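With the hints as your guide, set chains i, V, U and t onto chain h.
If you want the building blocks of each chain, they are given just below.
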Amino acid sequence: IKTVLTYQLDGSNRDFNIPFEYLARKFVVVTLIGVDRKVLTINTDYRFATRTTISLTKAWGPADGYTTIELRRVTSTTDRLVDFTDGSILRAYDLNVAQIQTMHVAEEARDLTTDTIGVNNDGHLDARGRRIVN
Amino acid sequence: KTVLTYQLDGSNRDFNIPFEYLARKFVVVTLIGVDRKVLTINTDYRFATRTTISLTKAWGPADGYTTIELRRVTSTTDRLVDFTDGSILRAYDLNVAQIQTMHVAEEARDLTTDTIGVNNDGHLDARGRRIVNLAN
Amino acid sequence: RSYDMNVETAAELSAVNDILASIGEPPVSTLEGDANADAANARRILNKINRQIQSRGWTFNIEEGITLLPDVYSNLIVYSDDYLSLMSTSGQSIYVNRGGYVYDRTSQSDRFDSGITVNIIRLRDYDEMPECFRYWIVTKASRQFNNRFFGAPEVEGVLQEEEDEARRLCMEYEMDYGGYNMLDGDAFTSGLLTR
Amino acid sequence: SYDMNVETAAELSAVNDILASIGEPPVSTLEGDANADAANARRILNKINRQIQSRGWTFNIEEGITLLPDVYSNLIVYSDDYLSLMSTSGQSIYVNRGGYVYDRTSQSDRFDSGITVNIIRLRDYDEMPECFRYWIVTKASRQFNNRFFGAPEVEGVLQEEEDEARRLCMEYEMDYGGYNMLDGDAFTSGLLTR
Amino acid sequence: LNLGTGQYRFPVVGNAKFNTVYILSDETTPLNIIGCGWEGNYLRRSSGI
Numbered sequence: 005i006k007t008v009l010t011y012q013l014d015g016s017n018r019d020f021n022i023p024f025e026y027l028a029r030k031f032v033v034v035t036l037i038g039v040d041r042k043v044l045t046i047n048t049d050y051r052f053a054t055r056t057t058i059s060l061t062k063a064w065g066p067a068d069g070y071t072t073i074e075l076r077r078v079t080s081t082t083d084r085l086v087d088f089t090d091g092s093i094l095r096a097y098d099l100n101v102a103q104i105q106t107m108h109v110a111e112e113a114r115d116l117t118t119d120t121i122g123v124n125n126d127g128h129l130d131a132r133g134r135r136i137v138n
Numbered sequence: 006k007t008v009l010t011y012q013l014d015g016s017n018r019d020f021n022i023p024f025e026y027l028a029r030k031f032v033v034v035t036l037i038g039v040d041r042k043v044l045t046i047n048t049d050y051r052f053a054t055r056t057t058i059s060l061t062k063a064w065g066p067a068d069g070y071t072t073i074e075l076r077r078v079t080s081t082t083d084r085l086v087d088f089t090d091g092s093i094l095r096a097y098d099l100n101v102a103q104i105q106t107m108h109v110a111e112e113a114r115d116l117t118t119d120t121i122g123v124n125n126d127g128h129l130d131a132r133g134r135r136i137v138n139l140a141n
Numbered sequence: 002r003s004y005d006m007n008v009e010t011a012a013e014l015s016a017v018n019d020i021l022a023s024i025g026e027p028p029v030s031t032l033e034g035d036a037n038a039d040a041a042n043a044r045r046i047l048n049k050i051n052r053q054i055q056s057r058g059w060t061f062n063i064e065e066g067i068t069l070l071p072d073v074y075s076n077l078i079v080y081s082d083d084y085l086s087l088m089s090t091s092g093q094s095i096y097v098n099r100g101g102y103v104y105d106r107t108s109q110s111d112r113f114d115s116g117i118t119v120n121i122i123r124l125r126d127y128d129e130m131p132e133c134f135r136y137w138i139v140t141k142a143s144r145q146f147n148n149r150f151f152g153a154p155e156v157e158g159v160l161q162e163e164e165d166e167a168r169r170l171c172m173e174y175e176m177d178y179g180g181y182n183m184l185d186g187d188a189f190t191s192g193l194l195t196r
Numbered sequence: 003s004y005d006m007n008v009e010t011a012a013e014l015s016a017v018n019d020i021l022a023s024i025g026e027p028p029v030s031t032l033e034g035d036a037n038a039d040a041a042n043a044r045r046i047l048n049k050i051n052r053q054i055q056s057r058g059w060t061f062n063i064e065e066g067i068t069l070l071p072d073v074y075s076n077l078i079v080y081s082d083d084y085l086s087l088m089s090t091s092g093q094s095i096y097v098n099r100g101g102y103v104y105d106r107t108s109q110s111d112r113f114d115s116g117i118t119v120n121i122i123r124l125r126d127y128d129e130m131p132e133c134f135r136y137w138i139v140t141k142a143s144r145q146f147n148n149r150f151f152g153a154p155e156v157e158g159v160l161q162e163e164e165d166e167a168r169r170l171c172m173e174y175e176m177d178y179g180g181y182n183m184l185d186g187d188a189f190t191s192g193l194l195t196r
Numbered sequence: 746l747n748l749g750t751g752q753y754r755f756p757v758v759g760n761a762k763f764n765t766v767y768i769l770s771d772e773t774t775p776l777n778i779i780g781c782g783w784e785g786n787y788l789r790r791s792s793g794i
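Chains as they are written, first to last, in the deposited numbering: chain h, 5 to 138; chain i, 6 to 141; chain V, 2 to 196; chain U, 3 to 196; chain t, 746 to 794.
Because the hints were derived from the structure by calculation, they are not lab data. Among the clues, some could well be false.
[What the hints assert, rightly or not] Capping the alpha-carbon separation at 35 Å, the derived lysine-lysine pairs in DSBU-like fashion look like this: (1) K42/i x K62/i; (2) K49/V x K30/h; (3) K30/i x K30/h; (4) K49/V x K49/U.
[Claimed, not checked] According to the in silico footprint, chain U covers these stretches of chain V (three or more CB under 8 Å from chain U): (5) 8 to 17; (6) 21 to 31; (7) 132 to 143; (8) 150 to 159; (9) 170 to 177.
[What the hints assert, rightly or not] Selected chain i positions facing chain h (Cβ under 8 Å, derived; list incomplete): (10) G69; (11) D87; (12) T89; (13) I93; (14) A110; (15) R132; (16) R134; (17) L139.
For each residue, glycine too, the CB sits at the ideal point set by N, CA and C.
Bound-form chain h, shown alone:
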């Protein structure tokens, strides 16, 4: 509660705060939705000022054509943080990190609802803009 949050973009605000308990850091992705999805790189444009804030360097805004900074956490299924290896002490920090990472993946799996088509008032399925394709 909640992995995927979006902010609002005005030209002069550059600091946005991250609620979720991100493991790693490569795990937070910050994409400026605006009119067209655009992903921000780890240091050229946005930079983690505190553990809990992502401070843009350029201070984007609508004047650039981008609104609604979307910073969501995507845990990596392949790049596991713990790889047990024979002959290594089974430290409890390892088991706990493994469990935390897999539970983070499931927690973000719980957010696909914020992702999908969406139900309006009534049962009406909704597509806000977003022309259905295929």
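Positioned in the frame of chain h, the structure of chains i, V, U and t alone reads:
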């Protein structure tokens, strides 16, 4: 089957739960109603056996609260197992450590079927609803 | 045990294991946490050398014609620490960084309206690198972590040879990959061969 | 990076030979019993298996193979099994950005209908010519003899063996490829037309 | 009776720390053990003291 609605007419206390749960705090019970209401546990619903909840009073269709919809909300922050330095590991410990994540995933994959979702035929079934705001 | 298992591993984590195998110690399970020093040091020497192997320009790294764009309000283009090199497309590069912003040295202007086009070496991660180099980033880190911490001379003297073999293979990788031509593909003597 | 979670009898005789390199007795199974040395040996074998395939060799380099983009995504996965993607003619244009093939030149990660690339892909140790299977071991027999049992005199003999193994390996494709100067290439095959 | 005097050299291979040797006899005949040797490569990298 994290969700199943138990529409019952009278003050029927017994409502069996088929979703195996890890703890009492995960099963949340609401009455489907004109307004959905989250019934609190000690005061309103009590677990007669782990399998069956038993409500006090049970409201009703006559009451505004209508049907009862119990569901599983398995918490993703409060980990049931905390491995610490021995502290003998316990088989029950590792298996539950993985069951909590399997449960979160499985009950999260039903938060999609409530929407369009997919029939056995392979087709995305709108449940006879109207798609609004679309563009050509 | 099933033969039918394809399972993956952290290419970043497996690189730190190879560093700690080299100096001579057991594999460390997880890199996470700033407690283990060996992981932090082995991970940093990995990162501190990743920015060198990439900085030397190679054909894949050097993006060409990348247009950096100015902030609309302040008209200044930021020079990051991920921009390993920013150089003009043609010759006599005019861009330098003043206060963290691209500055045109020739016109003495930090203010750019409408953008600049340049060859940027972008810094990318161990996992976006060609295997040829992913070996060499580790086995160069396997020398400096052997140098700075485990100063036994006999295994650095063994490992040096390996870093050199790796350089040879890494070089061979782009002379194939770039595919560079003397007389048919360059700027000058491609023009002389026109009949 | 593909990791080692499966076993093979023909591969087991290689880890025995890497444990011979120190002077250690042969393991019988690679079960996971706490044999640090055997674990490290499996690591060095795999870690060097991904060099010998990386240096391109004729049977290793699949030529002209087509990678297909996933239809809805429109991008191609560039996995860690693909040691060198390259391109078929010159100035290879494909690079890994994220995990997907990106055309360095056209700034697009989106492809429709695929690419003809020359890919060197990882093959198992077992799926390797016997000439190389020796040399992957006896190269791993050096670095495993340098990282854990650092005796210089048993290494200096081994380095003279790694080189012989390399010679024998190189001899293997110069036969196997069958490369022709004046009758088989792209330029001076065309000049000899009468 | 087969009773003999000599040195029996047998191969013990591996790190000293993890190798164990035991002599076990349940036979009717006698036994004598005078001394025991061992050889082996030694390589300490960190030249101590």
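Consistency of the hints with the structure:
| no. | hint | verdict |
| --- | --- | --- |
| 1 | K42/i x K62/i | holds, 14 Å |
| 2 | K49/V x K30/h | holds, 18 Å |
| 3 | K30/i x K30/h | holds, 33 Å |
| 4 | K49/V x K49/U | holds, 22 Å |
| 5 | 8 to 17 | holds (count 6) |
| 6 | 21 to 31 | holds (count 6) |
| 7 | 132 to 143 | holds (count 3) |
| 8 | 150 to 159 | holds (count 4) |
| 9 | 170 to 177 | holds (count 4) |
| 10 | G69 | violated, 19 Å |
| 11 | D87 | holds, 7 Å |
| 12 | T89 | holds, 5 Å |
| 13 | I93 | violated, 12 Å |
| 14 | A110 | holds, 4 Å |
| 15 | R132 | holds, 7 Å |
| 16 | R134 | holds, 4 Å |
| 17 | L139 | holds, 5 Å |
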